[PDB]
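Shown here is one chain on its own, the form solved without its partner chain, set out as structure tokens.
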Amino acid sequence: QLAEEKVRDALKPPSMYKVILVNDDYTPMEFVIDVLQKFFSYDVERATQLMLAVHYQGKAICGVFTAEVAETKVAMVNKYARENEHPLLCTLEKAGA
């Protein structure tokens, strides 16, 4: 009905973004573990596997966040990387979910 149509139209999925770490040949594995623990609340075990994924797969997803939070994570991780003089690049892509 009219009320039910109003419900339907208000169920557009949230714009969500994957926060991604991209591999490079200069950033220490230990530093990537540190990043994952500091900014994403991963335990050492989970942080280690994701870091391995970065190294062997080329990139890995750190988690999925609202646009606003995702941009905040990217800013922080990149800042942390540069101040430690590493090229590690944290970026975003739309999840579609």
Second form
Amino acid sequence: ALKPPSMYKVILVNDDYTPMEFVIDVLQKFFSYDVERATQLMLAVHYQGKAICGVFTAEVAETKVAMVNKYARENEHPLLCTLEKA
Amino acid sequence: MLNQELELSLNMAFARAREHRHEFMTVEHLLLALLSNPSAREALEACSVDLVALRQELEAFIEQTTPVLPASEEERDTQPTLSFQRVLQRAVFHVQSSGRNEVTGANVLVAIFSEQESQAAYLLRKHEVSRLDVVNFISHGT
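Cool, the form solved without its partner chain is there; where's the form solved in complex with its partner chain?
What follows is the whole complex; the chain from before opens it.
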């Protein structure tokens, strides 16, 4: 009757206002990717419309999502970060 | 109004997370620190919890799932999860709701049950402990 909480995918969603450079900034600053990998993920967001940035516990995923969204808000970009059950 | 023992527990748990370079201080770091907070420990012993086992389960989970800040990263440091923040606010709310002010480790433990998607709440229920078991211990001992 008891199952562990599940893991969550943290996702970056595409939009037409947010600069590629800021998406890369976010991937490096909040997910620790190096420039190369961050750039690949930025392109994926651009083409697929969204991309998985990482998988974390529900608790950690929720916090990363809030942190990314606050940072986007602060810099006035509508960059949307979301989470989804893994 | 956190009592002295809880405050000490919270601050040392936080210092330990910072020494380990953990990006986040979780509700699991919190429950782990409460295992030796007198107030919360007494409640868990009253519920016949294998504290040695719970401790190991928490440490293993913390180690496998908590991101580690890189050496380079010297601009950001350990921060509490939203879940952790809610538990502390909830513990204060519950205590004030009864007209009191002193918040103990046991009240914090009670609040953990409300974070339904936390590994800590899951491990507590797995060790057959319910919110009401803890409230009963706080209200009536045994």
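Residues that one form lacks are left out of the comparison. Residue numbers count along the first chain shown, from 1. Here the rigid core means the biggest group of C-alpha atoms that line up within 1.5 Å when the two forms are laid on top of each other.
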query	finding
Core-referenced shifts between these two forms - contiguous stretches of at least three, CA at least 2 Å	10-14
